[PDB]
Amino acid sequence: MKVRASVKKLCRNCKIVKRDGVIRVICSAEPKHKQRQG
Amino acid sequence: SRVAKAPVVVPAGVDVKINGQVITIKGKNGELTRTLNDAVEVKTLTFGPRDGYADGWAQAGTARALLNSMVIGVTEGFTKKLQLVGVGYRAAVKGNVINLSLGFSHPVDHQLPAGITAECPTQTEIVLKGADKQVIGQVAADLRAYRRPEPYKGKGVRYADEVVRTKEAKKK
Amino acid sequence: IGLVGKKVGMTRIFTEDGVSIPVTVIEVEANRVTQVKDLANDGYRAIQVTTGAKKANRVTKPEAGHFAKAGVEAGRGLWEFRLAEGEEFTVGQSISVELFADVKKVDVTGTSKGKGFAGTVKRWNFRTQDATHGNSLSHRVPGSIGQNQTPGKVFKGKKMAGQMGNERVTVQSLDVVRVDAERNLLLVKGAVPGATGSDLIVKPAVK
Amino acid sequence: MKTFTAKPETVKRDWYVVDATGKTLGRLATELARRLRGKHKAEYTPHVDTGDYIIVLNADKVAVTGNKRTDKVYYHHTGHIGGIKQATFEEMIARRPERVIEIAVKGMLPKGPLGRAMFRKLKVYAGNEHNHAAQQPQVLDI
RNA sequence: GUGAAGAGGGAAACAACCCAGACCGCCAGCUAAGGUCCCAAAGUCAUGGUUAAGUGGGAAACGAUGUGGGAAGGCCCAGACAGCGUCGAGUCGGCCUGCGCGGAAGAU
RNA sequence: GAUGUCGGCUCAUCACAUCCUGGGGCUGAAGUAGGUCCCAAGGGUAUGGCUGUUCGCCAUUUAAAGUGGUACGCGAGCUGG
RNA sequence: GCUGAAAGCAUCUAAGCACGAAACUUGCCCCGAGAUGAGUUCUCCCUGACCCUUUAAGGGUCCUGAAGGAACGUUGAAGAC
Ligand SMILES: CN(C)[C@@H]1C(O)=C(C(N)=O)C(=O)[C@@]2(O)C(O)=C3C(=O)c4c(cc5ccc(CN6CC(F)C6)cc5c4O)C[C@H]3C[C@@H]12
Ligand SMILES: CN(C)[C@@H]1C(O)=C(C(N)=O)C(=O)[C@@]2(O)C(O)=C3C(=O)c4c(cc5ccc(CN6CC(F)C6)cc5c4O)C[C@H]3C[C@@H]12
Ligand SMILES: C=C[C@]1(C)C[C@@H](OC(=O)CSCCN(CC)CC)[C@]2(C)[C@H](C)CC[C@]3(CCC(=O)[C@H]32)[C@@H](C)[C@@H]1O
Ligand SMILES: [K+]
Ligand SMILES: [K+]
Ligand SMILES: [K+]
Ligand SMILES: [K+]
Ligand SMILES: [K+]
Ligand SMILES: [K+]
Ligand SMILES: [K+]
Ligand SMILES: [K+]
Ligand SMILES: [K+]
Ligand SMILES: [K+]
Ligand SMILES: [Mg+2]
Ligand SMILES: [Mg+2]
Ligand SMILES: [Mg+2]
Ligand SMILES: [Mg+2]
Ligand SMILES: [Mg+2]
Ligand SMILES: [Mg+2]
Ligand SMILES: [Mg+2]
Ligand SMILES: [Mg+2]
Ligand SMILES: [Mg+2]
Ligand SMILES: [Mg+2]
Ligand SMILES: [Mg+2]
Ligand SMILES: [Mg+2]
Ligand SMILES: [Mg+2]
Ligand SMILES: [Mg+2]
Ligand SMILES: [Mg+2]
Ligand SMILES: [Mg+2]
Ligand SMILES: [Mg+2]
Ligand SMILES: [Mg+2]
Ligand SMILES: [Mg+2]
Ligand SMILES: [Mg+2]
Ligand SMILES: [Mg+2]
Ligand SMILES: [Mg+2]
Ligand SMILES: [Mg+2]
Ligand SMILES: [Mg+2]
Ligand SMILES: [Mg+2]
Ligand SMILES: [Mg+2]
Ligand SMILES: [Mg+2]
Ligand SMILES: [Mg+2]
Ligand SMILES: [Mg+2]
Ligand SMILES: [Mg+2]
Ligand SMILES: [Zn+2]
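Chains as they are written, first to last, in PDB author numbering: chain 3, 1 to 38; chain g, 2 to 44, 49 to 177; chain d, 2 to 208; chain i, 1 to 142.
Calculated directly from the structure, the hints in this document are not laboratory data.
Any given hint could be a false lead.
Residues from chain d that face chain i, not an exhaustive set, calculated with beta carbons under 7 Å [what the hints assert, rightly or not]: (1) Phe-82; (2) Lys-157; (3) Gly-158.
In silico DSSO-like pairs for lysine-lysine, Cα to Cα no more than 27 Å straight-line [stated by the list, open to error]: (4) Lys-172 (chain g) <-> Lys-2 (chain 3); (5) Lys-18 (chain 3) <-> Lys-6 (chain g); (6) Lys-158 (chain g) <-> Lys-138 (chain g); (7) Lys-9 (chain 3) <-> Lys-172 (chain g); (8) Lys-85 (chain i) <-> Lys-61 (chain i); (9) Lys-138 (chain g) <-> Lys-32 (chain 3); (10) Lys-32 (chain 3) <-> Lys-8 (chain 3); (11) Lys-172 (chain g) <-> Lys-34 (chain 3); (12) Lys-32 (chain 3) <-> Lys-29 (chain g); (13) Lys-85 (chain i) <-> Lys-157 (chain d); (14) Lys-6 (chain g) <-> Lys-32 (chain 3); (15) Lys-6 (chain g) <-> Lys-34 (chain 3); (16) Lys-61 (chain i) <-> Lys-106 (chain i); (17) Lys-172 (chain g) <-> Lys-8 (chain 3); (18) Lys-8 (chain 3) <-> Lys-6 (chain g); (19) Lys-2 (chain 3) <-> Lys-158 (chain g); (20) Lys-7 (chain i) <-> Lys-85 (chain i); (21) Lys-138 (chain g) <-> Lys-15 (chain 3); (22) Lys-175 (chain g) <-> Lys-34 (chain 3); (23) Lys-32 (chain 3) <-> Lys-177 (chain g); (24) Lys-32 (chain 3) <-> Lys-160 (chain g); (25) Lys-159 (chain d) <-> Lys-106 (chain i); (26) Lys-138 (chain g) <-> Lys-2 (chain 3); (27) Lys-61 (chain i) <-> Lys-123 (chain i); (28) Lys-138 (chain g) <-> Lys-18 (chain 3); (29) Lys-172 (chain g) <-> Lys-15 (chain 3); (30) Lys-18 (chain 3) <-> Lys-106 (chain i); (31) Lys-176 (chain g) <-> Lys-34 (chain 3); (32) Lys-72 (chain i) <-> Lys-160 (chain d); (33) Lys-190 (chain d) <-> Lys-208 (chain d).
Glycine included, every Cβ here is placed at the ideal spot set by N, Cα and C.
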């Protein structure tokens with residue numbers, strides 16, 4: 001999990017999702033691309 | 002929207018009660034009940054936003070999808086397959102209790118809920134069965150959670166269809 | 002439930018394999034049920050028991066009427082034990098130390114010995130300051146008791162000198178060494194609170 | 001003439017029973033506070049308790065809006081250093097549901113001896129039963 | 001300009017900010033700033049919107065299919081868009097703007 | 001028309017930007033052992049040599065030897081290098 | 001994580017459901033009804049006359065003196081008192 005103020009799609013398999021008031025990047029391809037805004 | 006708009010075909014041999022805001026479908030494979038969000042009118050079954058509800062199309066689309074699954078549930082029903090990968094990983098069903106050997110010092114003794122049923126075709130396969138799509142999903146996740154498929158050899162409990170991505174170690 | 006006994010004193014039991022077990026000897030005479038409390042009347046389930054004996058002239062009329070309702074002889078006090086769901090007792094029933102026949106461990110509650118007014122060294126294990134090296138009148142004194150203007154007070158619960166001992170203490174999970182119904186004795190391994198002759202409450206170990 | 005003042009000896013206080021079920025906590029509490037103080041009576045006198053006795057039933061079913069059921073926090077300090085304690089609204093309802101209404105009303109009553117006296121006329125119950133049939137409380141729809 | 005050398009009302013409290021300049025008395029009335037659910041005087045006022053964060057009631061670069069409004073557009077029953085030729089209505093992503101969200105750690 | 005000062009001693013109390021122990025994501029994570037980030041303040045968190053030292057260096061421990069606030073906490077509590 | 005739309009797909013979340021830590025609430029120990037919101041249970045005790053006026057939770061006289069308490073004494077592994 002990357003915890004950052006700037007969360008972004010890093011590839012075409014990344015998806016932005018808001019869960020429980022938190023912006024997250026989930027990626028099916030790359031676990032390194034998983035991000036949480038914080 | 003598009004999900005919600007499309008009504009669900011209710012077959013003969015399947016019986017649908019509607020009482021207040023409750024659906025309780027009968028049928029051969031089993032029986033199932035739910036209460037929906039108060040923004041849904043269930044009029049086949051047909052689904053639609055009630056007035057004074059901004060979420061009503063979102064709530065109707067989920068209602069549609071759940072009742073489609075419930076009417077599948079009490080007919081063909083749901084099946085989930087799991088595979089054990091790894092030397093010494095066996096499974097065995099005994100009443101409502103699956104017995105997993107998964108390389109621990111203790112045997113794992115997982116008990117199935119009220120109406121899920123397991124079969125072990127081989128020792129390295131589990132085959133779950135039930136009417137409730139959510140519950141069979143949850144049981145399958147719980148079994149996978151004992152030894153989630155690991156990234157070096159793919160060892161552990163996997164979904165049979167799951168494609169476990171593999172990697173090699175740090176180069177020396 | 003438990004029983005009320007008296008601390009007789011300490012001794013040892015030699016085992017054949019050459020272990021000396023230190024024991025407290027507890028005299029547990031028959032506990033007589035003086036009152037049964039129930040949900041309907043009292044709002045909780047308990048027995049009240051007495052044990053021992055009191056001289057008639059020291060039994061007040063209110064005390065005597067309470068014992069007379071139960072149909073028991075006056076003992077030296079009254080104690081309650083909470084009941085679990087399956088536990089049932091009747092007024093006038095005698096309960097003996099055979100209660101503990103198959104109990105492996107007990108908790109023992111007593112009144113600790115009284116040390117009177119104790120300093121911080123004894124009461125709280127404070128460290129002494131220098132005996133020498135210039136120390137002026139401050140060998141066993143407590144040292145600082147706070148900070149400065151912030152917070153400009155001493156906090157509640159500050160460890161200071163005061164009454165030590167003479168209070169209820171429970172020691173948990175003592176091994177039952179022997180239950181001797183004939184002699185009204187319970188032997189427990191190790192020390193328990195209070196002086197020789199003091200009242201003890203003995204209960205099966207909660208842990 | 002001098003302006004009328006209510007006299008503590010002669011004040012008539014009626015008994016009322018209110019059902020908290022589904023009522024918004026703070027909007028119930030203001031009406032309770034008003035009536036415990038006697039602000040609804042022409043005889044209202046700031047230094048006299050002219051208010052009514054109020055039984056509140058079903059305190060455990062009082063409502064709150066938004067995410068307050070999980071997010072409204074009740075703090076108290078024990079007086080011991082570090083003794084800051086807290087409970088959420090949902091925890092307060094589970095453990096001591098009458099306190100939710102009592103706390104809300106106390107904060108809306110005057111501070112001081114008379115305000116404490118006014119609070120004594122509020123009788124809050126968790127369920128649908130009270131033991132004050134003898135006082136013959138009138139139903140009051142707040 | 002005010003305080004100093006200026007009281008009264010407001011800004012929780014708060015010389016110097018806002019309203020306003022106390023000759024004395026009144027258990028009359030109208031207003032100012034500021035207010036009108038309870039503490040606490042006065043709208044639980046009216047009509048039309050927005051916000052779901054207790055935002056309001058501490059907030060920066062920057063981040064985001066939060067949500068309201070607006071002006072253009074590209075493609076679309078010569079079948080788009082998504083998913084699997086199927087398929088059968090819209091779909092797509094920039095700009096402008098209202099209100100929110102993250103960014104957000106401190107000592108009784 | 002006086003708000004006692006460095007360091008030590010005694011006794012602390014809070015914060016969390018966590019040293020240990022607890023939970024977890026990513027890893028250029030095979031395992032063992034690490035790196036990094038997130039959650040977490042319940043409890044715990046060296047003795048000595050040298051020097052007034054705080055610190056530091058050194059010796060030898062420890063699961064760890066946390067970082068800060070508290071009149072650089074604490075002399076109507078001690079010391080006085 | 002499950003199921004699941006908004007957004008035919010996807011999506012742990014919007015509806016709904018499940019896991020998840022020495023933190024939190026309990027569980028363990030001690031205090032504790034001045035908890036003035038002063039609670040409960042058991043037992044014990046007192047079952048006499050009369051006068052007066054500012055008729056009132058009024059005042060006094062005679063008779064009565066319980067349960068129990070205190071005091072005093074001998075004291076205590078209780079204690080500064
Ligand atoms: C004195 N009074 C005008 C205000 C007041 O009464 C209060 C209060 N709590 O009652 C205040 O808090 C106040 O005294 C105060 O401290 C303020 C600020 O500190 C403040 C305020 C607004 C700000 C807006 C923007 C910025 C940006 N900074 C300037 C540069 F350095 C970057 C800072 C602000 C700020 O510091 C509000 C006032 C209100 C005061
Ligand atoms: C609500 N209360 C906590 C304070 C308050 O009572 C007042 C008041 N006047 O009575 C305020 O003004 C207040 O509500 C408020 O608005 C504040 C501010 O606006 C404020 C404050 C301090 C600030 C310090 C720094 C900055 C700038 N940095 C960069 C940005 F990212 C943050 C802004 C400030 C600011 O806007 C004081 C509070 C006090 C509040
Ligand atoms: C006499 C004053 C003293 C006792 C000590 C003072 O220290 C000095 O003034 C240091 S210079 C004087 C030294 N000496 C005379 C040569 C007298 C102490 C010192 C440490 C400060 C610097 C000034 C303020 C202070 C109060 C608080 C404090 O720390 C004190 C005064 C108000 C205090 O009375
Ligand atoms: K002037
Ligand atoms: K707020
Ligand atoms: K410290
Ligand atoms: K890690
Ligand atoms: K801690
Ligand atoms: K100082
Ligand atoms: K000093
Ligand atoms: K001082
Ligand atoms: K001194
Ligand atoms: K009491
Ligand atoms: Mg969560
Ligand atoms: Mg003693
Ligand atoms: Mg020492
Ligand atoms: Mg001297
Ligand atoms: Mg000396
Ligand atoms: Mg103070
Ligand atoms: Mg006031
Ligand atoms: Mg001057
Ligand atoms: Mg002025
Ligand atoms: Mg003023
Ligand atoms: Mg201010
Ligand atoms: Mg303010
Ligand atoms: Mg003021
Ligand atoms: Mg007017
Ligand atoms: Mg008012
Ligand atoms: Mg209105
Ligand atoms: Mg705020
Ligand atoms: Mg912000
Ligand atoms: Mg002076
Ligand atoms: Mg942290
Ligand atoms: Mg804490
Ligand atoms: Mg705990
Ligand atoms: Mg050192
Ligand atoms: Mg200092
Ligand atoms: Mg310090
Ligand atoms: Mg001195
Ligand atoms: Mg000092
Ligand atoms: Mg010197
Ligand atoms: Mg779906
Ligand atoms: Mg532990
Ligand atoms: Zn990616």
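Worksheet entry | 27 Å Cα cutoff - pair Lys-138 (chain g), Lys-15 (chain 3) | Given that 27 Å is the threshold and the Cα spacing comes to 26 Å, the pair holds.
Discussion item. Check whether the Cα positions of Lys-85 (chain i) and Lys-61 (chain i) lie no farther apart than 27 Å.
Written reply: holds (24 Å)
Worksheet item: Given the proposed pairing of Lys-32 (chain 3) with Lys-160 (chain g), does the C-alpha separation stay at or below 27 Å?
Response: Since the Cα atoms of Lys-32 (chain 3) and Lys-160 (chain g) sit roughly 22 Å apart, the hinted pair holds (cutoff 27 Å).
Discussion item. So if I understand the rule, the pair passes when the alpha-carbon distance is 27 Å or less; does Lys-9 (chain 3) with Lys-172 (chain g) pass?
Written reply: Roughly 23 Å separates the two Cα atoms, so the pair holds.
Worksheet item: Straight-line Cα separation of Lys-138 (chain g) and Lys-18 (chain 3) no greater than 27 Å?
Response: Holds. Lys-138 (chain g) to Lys-18 (chain 3) sits at ~25 Å (cutoff 27 Å).
Item to complete: For the pair supplied as a hint, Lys-7 (chain i) and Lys-85 (chain i), confirm whether the alpha-carbon distance does not exceed 27 Å.
Response: Not satisfied, since the Cα-Cα distance of roughly 42 Å exceeds 27 Å.
Item to complete: Take a quick look at whether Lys-72 (chain i) and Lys-160 (chain d) sit within 27 Å of each other, Cα to Cα.
Response: Given pair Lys-72 (chain i), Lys-160 (chain d) is violated - Cα atoms ~36 Å apart, limit 27 Å.
Discussion item. Does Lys-123 (chain i) sit within 27 Å of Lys-61 (chain i), going by the straight-line distance between their CA atoms?
Written reply: Judged against 27 Å, a Cα distance of about 16 Å means the pair holds.
Worksheet item: CA of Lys-8 (chain 3) to CA of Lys-6 (chain g), is that 27 Å or under?
Response: violated (34 Å)
Discussion item. Check the hint pairing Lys-172 (chain g) with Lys-2 (chain 3) against an upper bound of 27 Å on the C-alpha distance.
Written reply: Holds, at about 21 Å.
Discussion item. Hint check: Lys-6 (chain g) vs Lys-32 (chain 3), CA-CA at most 27 Å. Holds or violated?
Written reply: Answer violated: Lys-6 (chain g) to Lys-32 (chain 3) is near 39 Å, above 27 Å.
Discussion item. Given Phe-82 (chain d) as an interface hint, is its Cβ closer than 7 Å to any Cβ of chain i?
Written reply: violated (27 Å)
When each numbered hint is compared with the structure, violations occur for hints 1, 6, 9, 12, 14, 15, 18, 20, 25, 26, 30, 32.
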